[PDB]
Structures are given as C-alpha cells and as structure tokens.
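Undergrad: Residues per chain are reported as follows:
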Amino acid sequence: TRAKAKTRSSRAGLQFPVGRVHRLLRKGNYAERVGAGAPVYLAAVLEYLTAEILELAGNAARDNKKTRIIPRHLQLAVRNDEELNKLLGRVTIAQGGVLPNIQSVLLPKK
Amino acid sequence: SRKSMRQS
Amino acid sequence: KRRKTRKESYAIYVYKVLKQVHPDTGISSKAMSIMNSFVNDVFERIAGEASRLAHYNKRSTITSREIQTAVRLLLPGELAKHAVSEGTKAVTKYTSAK
Amino acid sequence: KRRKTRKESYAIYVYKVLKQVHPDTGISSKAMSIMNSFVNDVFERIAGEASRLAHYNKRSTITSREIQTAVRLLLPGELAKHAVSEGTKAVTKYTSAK
Amino acid sequence: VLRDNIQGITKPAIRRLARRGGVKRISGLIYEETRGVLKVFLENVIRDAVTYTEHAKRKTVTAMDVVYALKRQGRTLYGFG
Amino acid sequence: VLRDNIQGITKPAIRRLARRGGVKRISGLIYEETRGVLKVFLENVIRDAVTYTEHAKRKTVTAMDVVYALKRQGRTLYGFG
Amino acid sequence: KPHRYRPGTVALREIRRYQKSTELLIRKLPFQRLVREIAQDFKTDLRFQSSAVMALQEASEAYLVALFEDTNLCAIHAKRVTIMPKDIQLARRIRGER
Amino acid sequence: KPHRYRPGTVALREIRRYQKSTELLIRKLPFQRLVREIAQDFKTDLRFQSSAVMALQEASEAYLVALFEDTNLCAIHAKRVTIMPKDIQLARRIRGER
DNA sequence: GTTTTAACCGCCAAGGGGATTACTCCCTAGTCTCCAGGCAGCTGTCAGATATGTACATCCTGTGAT
DNA sequence: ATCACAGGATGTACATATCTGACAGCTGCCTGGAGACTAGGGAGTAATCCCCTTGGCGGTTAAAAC
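Quick note, the sequences are listed as chains Q, B, R, T, V, X, U and W, same order. Using the authors' numbering, the letters of the first sequence correspond one by one to residues 10 to 119. Using the authors' numbering, the letters of the second sequence correspond one by one to residues 129 to 136. Using the authors' numbering, the letters of the third sequence correspond one by one to residues 28 to 125. Using the authors' numbering, the letters of the fourth sequence correspond one by one to residues 28 to 125. Using the authors' numbering, the letters of the fifth sequence correspond one by one to residues 21 to 101. Using the authors' numbering, the letters of the sixth sequence correspond one by one to residues 21 to 101. Using the authors' numbering, the letters of the seventh sequence correspond one by one to residues 37 to 134. Using the authors' numbering, the letters of the eighth sequence correspond one by one to residues 37 to 134.
Fair warning: there could be bad hints in the mix.
Stated by the list, open to error - Quick list of in silico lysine-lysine cross-link-like pairs, DSS-like style, CA-CA up to 27 Å:
| # | chain 1 | residue 1 | chain 2 | residue 2 |
| --- | --- | --- | --- | --- |
| 1 | Q | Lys74 | R | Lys85 |
| 2 | R | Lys46 | R | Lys34 |
| 3 | R | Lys120 | X | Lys77 |
| 4 | R | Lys85 | X | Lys31 |
| 5 | T | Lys125 | T | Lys31 |
| 6 | Q | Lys15 | R | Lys120 |
| 7 | V | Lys77 | T | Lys85 |
Hints were generated in silico from the structure; no laboratory data involved.
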C-alpha cells in the first residue's frame, strides 16, 4: 500500500501551495526543466512578502479602528514602508487613495 | 536599389 | 444549473497567512483581489528573472539558486535578505524531511 | 592553435541590408555590434510579447497573428503598419512558394 | 456616435483631482491641458486594450485587457484580476 | 584597498558632462551632488552586475554582466554584446 | 457681514478631505462616454465591461493625481503656489512623455 | 589690453564642441578606480574586464548627461540660467529616483 | 594665466581563471493510479455604512490695549 | 497704533441606534496534486590551456588645480 499523501507545503512548513507553484513554473514557459527546491523557495518568498504586507495592513486597520483590511489599508501599508514602496513603485492600488501630504510652503503662516 | 515609402 | 468553471486564486493561502499574523483581522473582497494580483505579479517577476538567468548561463533547469538570485536582484535591501533566509530555511527543511 | 568558438551574429544580414539600401556605404565594427544588439533586443521584445499574448489567450502555439499583434503593440504607428505590411507580404510569398 | 465628451471631465472634477494631488491654487488654463493629457493617456491605453481584444477575436473590451494594456505601459493596476 | 576615489571625477569632468547636456552656468555646489548621484547609480549597477557574476560562479565581472544589469534597470545599452 | 473664509483655507480643507478619501473623483457616466468616444476611433461597435471602465477610471485618476503632484512640485520650484500649464509641460518632459 | 571673452561665450563654445564630439568626458583611470572601490563593498578580490568598465563609463556618462539636461530644464523653469542642487533634486524626484 | 600632476602610452612580465573537454551519476520529465485540498455554492450574522445629535477645533474679524 | 484674545460661526471628530449585505464558515465533489517507479541527459566535477587581466615602470604633456 502507498504511503499517506502529504502536501509539499507541509514538508517545508509553508502555507502557500508548493505544488501549484511547481505546476505554474512547469507550464509557464520559463525553462525546459524546473528543480525540486525552486518551488519551495518561491513559495517561501511569496509567503514572506504576503506576511509582511498583511501585517502592515492589519496594523493600519487597527490604527483606523477597523477589523477588516480594505484597499486603503493596503495602500497605506505599501506607501509607508520604504522597501515595499520601492518594490511597488510603478503599481497602482485601486481605491487606495493617496497619503495625506501637504507641502509646507502651502500651509498658512502660523 | 531599395527605397522605403515611409520617407516618400 | 451548471457550476462556473473553477478559477484558481491565492485567497485561502493569503487568509491563512493573515490569520497567522493577525488572528482577529479580516479582509475584504477587493483587498483579497489586490493581494492575489500582487502574488501573481511577484511570481511572474521572479520566474522571468530566473528564466533570464538560466538563459544567460546556458542552463536548462531553474533551481533554488536561480530563484534566489532572482530574489536578490528584485527585492530591495532587507526584503531581499529576509526572503533569502526564509527560502533557504524552507528548502533546508524540505530536503531534511524527504 | 585553438580555434575560437562559433559566435552567431546578424552581421552578414545587416551588411546585405546595408548594401541594399546604400551600395557605396560601409559600417564600422562598433556600429555593426550596435545593430546586432538592436536586432537582438527587438527580437526579444517581440517574442516576449507574442509569448504573453499566447499565454493570455490560453494558446500553446506562437503563430503569425501573435507576432503581428506584438508588432502592432510594440511599434509606434507608421513603423508598425509598414512592418505589418512587410511581414504579411513575406508570409504570403513564402506560402505561395511552398 | 459620441462627440465632445472631453468636456464631460468638468472643471470641479479636475479641481478635485488637483486637491487630491495637493494643489492649493489652480490656473484657469490648467483644465484644457489636463483634458488633453487625459485624452492622450486614454487614447494610448484604449488603443492597447482594443489591440488585445481584437487579437482575442472578441467584441467586448474586458478588464483583463485593460490590465494587460496598463502593464505593457509600466502602470500595473491591482484589484481587477 | 581603494579609498576617496569619488574625487577622481574632477570639476572639469563634471563641467564637460554638463556642457554636453546643454548647461551654460554651473553652481559651485553642483559637483558634490553630481558625485553623490553618480555614486548611487554606480552602486546600483555594480551591485546588480556582481550578483550576476556571482550567480555565474565567475570571479571576473564581464561586459555582459554590466549589460544585463543595465537592462534590468530599464537602461539597455548597445555596443557591448 | 456674512462669514467668509480667506482665499486658501477652503482649498486646504478640500486637499485634506480628498487626501483622506479614496472614492473616485470623476463622474462615472461622462468618463464612460469619453472612453467609448475614444474607442470608436479604434474599432466600431465595441462593447465594454463595467470592470473595464472602472479599471480605466482608476488608472486615469491615479495618473492624473501623480501628474498633479509633480506639477505642484514644479510650481513650488518656481517660487509659486499656482499650477500653470508650463508646470505640467515640464513635468511631462522630465518624466519622458513629450 | 589682453583679449577677454564675455562670461558665457566660452560656455556656448564648449557646449557646441562637446555636443559635436562623442568621446568620453571622464578620465578612464579615476573612473576605473571608483568602480573597483564601489565593487569592493559587494565582493572582494573582484576582477573586471576592460569592456565592462567601458560599458559602465558609457552608461554613467549617458545617465549624467540626461540628468544635466533635465536639470537645465528645471533651472530654466525657475527663471534662471544657473543649475543648482535643488534643480537636480527636483529632476530626480519627478523622474522617480528619490 | 601660471604651476603642478597624474593620465596616457608603450612596453614587459606573471599567473588566475575563463573556457573547453571528458566522464559519469543522479535529478527530473514522464506515466499511472489514487485520494483529498480547494473551489463553487449556500447561508447566517455582525462590521461597517448611514443617519443623528453633540462636543469641541479652528478660523476670522472686532476690539481693547501697553 | 499695531498687536493678543473674545467670541461667533462653521466644520469636523465622536458616541449612539438601525440595518444590511458582504464576509466567514460549512458541504459536496472533482480535478489536480501526491506516491511509486524508469530513462536519459543536464550538469557537477576533474584536468588543461592560453589569454586576458593585473602589476610595474619610465617618458610626455595635456589636463587638473590654483
């Protein structure tokens, strides 16, 4: 009898689908062959980035007295983190708005 | 021997 | 009558990660779509960089090293090093199990 | 007496096109390298656009119409229409021949 | 046949967009320039989207076509697939 | 170990670069800012090139590595392969 | 004597209000009509999905807001607090769109 | 008694001369030393091909020339003929680099 | 305009390693079978949108004053 | 006589009550991922070569510094 099925995500201690990433790499016309550890590494990287953005968005939501993350929270999280802003510099988030930035020259004179 | 219509 | 054709998304994985990082915080449909598009975009970026790396070195296989170099080339500063550490940890654990 | 490896380039074809458009005109090594890099870059751009066009439409074959759509997307206007005309004429002649 | 719809982008709309951009004072000639710039941008994006739609042999411009057109121009949009 | 090599970009060199750019009058504080900008740009390009070289298991940074580094930053350079 | 705010208090209030808010600032029907009129020049009898028009409006508003931020920066550079068409032209020329 | 040109004739002459010319404007050895010093922080005992350093110099000079063009445009926008560090900062901010 | 210096060039010399070739093995594509993770579909319920009234925050002009 | 408060008006942030629809959870199932093998070649590794990078050294003077 064959052994009980165990997902590759559980082996690496990851929540993202390692098998789905492997299938997308194989069927994405990227290379003739795909290594075994490559989908694991890519799933780990994607999970880390998602965790960072979700943590920052949850912090923003808690600061806005909300319990559900909305696009505004994601936009605030992305544009407030320097590295995340650099990564998504040319990315537009729908319904995210803009930061409250008013130039100091336009402020009233005391 | 070769001319392009883009430059007329 | 007939169920719509299934469309694969990263919704459940993003929700699991959110519950890991914020047990009490939820997520809206638009925010979930934005997260899914972000995951797809990052996956496409990393895969394309790894493919270009393999082509430049006349290699036929994308391995952990090629993805790692793609991550180092695409993520800025602390993001790159943290992603490298997380990925190497995951690969080490995966090879340690089976 | 170790012969250098074969490095493929578009130099001879660029020279033929130059002799077609300017019989009494030469080209330097640096200019030839620049033209070769331009050909390679445009080839990569069009091929990538055609590949993502095929992926978007869930097709496994890059055909003439995918390349045509890539040319229409990447080239600025009159260049695009003249390139499309030349490509269609060449494809028609090739199909007519054999 | 639709005509003269660029005037539909009214002066208050451009003023609101400038306020969101942080502009405190707007000249009267800003509106025509903004309308022209918006027309050029929409022309480019819609041209790319229609090219994508025509390649797919479809008669309906989809959200995915717009997303692909924006990505081709280096203006990736999140939240529409 | 090399040090203080940013000063090798002399004032006449920056003036020549500005003249090629059409600049007629140059402030005295332009040179430090230009050196800093050039240092940042070179740091980015060289970091990408060294990453490419390390991935290739080479110890010599090749022209192809620099070309790939520039192309990654949207600065494709012809004439070097 | 009726109450009147000085010329610039209400402008700052509007800036704060529209930077705090995230809803679209252009009317939906005029923008849809403009999109359809522009698309008429590329292909006749075109249909549009609602999500397509929403995405187009989102992208256009984001682009216009970024352009207005650059225009405000350029106008401040000229020791002015009023944006002028020359500021927009300078911003678009530096960006590389002209 | 000695012949002296007015303050700006020689600047225009140099502009014309260096826009006619195409040779590199930065000395080779200082730029190579700067490249090696910068690369020392990334990897030790690194070697460089001559073509790599030439490509780096060409890219750096082209980038600086474009930046100086944008800086001149910014300076003209402020009713000035002298470029200032704030002009460079504004150009880089509009470009999207700082 | 005057004084200084190191960039450049020509030449020579040593060796590090990039590139090539040969060999071999083990990692991945491919296939078959099996099963359970995820997706479409319902459904209930509570977080936020919407009034709604109220307590400040802030702006602006009159005005008393040192 | 030009400058701090006084106070009025407006707007905005802040409890509070309704309600709803969108989100989170449960269910059935099927298709895609997992287990278990085989074949074969892509790549890791060892040996070698020569070339091309690095180091040095002296003379000239254009360019850098003042």
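Undergrad: Against each hint, give a clear statement of whether it holds in the structure.
TA: Here is what the structure says about each hint:
no., hint, verdict
1, Q:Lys74 with R:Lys85, "54 Å, violated"
2, R:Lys46 with R:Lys34, "23 Å, holds"
3, R:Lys120 with X:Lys77, "25 Å, holds"
4, R:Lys85 with X:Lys31, "44 Å, violated"
5, T:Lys125 with T:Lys31, "38 Å, violated"
6, Q:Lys15 with R:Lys120, "14 Å, holds"
7, V:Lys77 with T:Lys85, "13 Å, holds"
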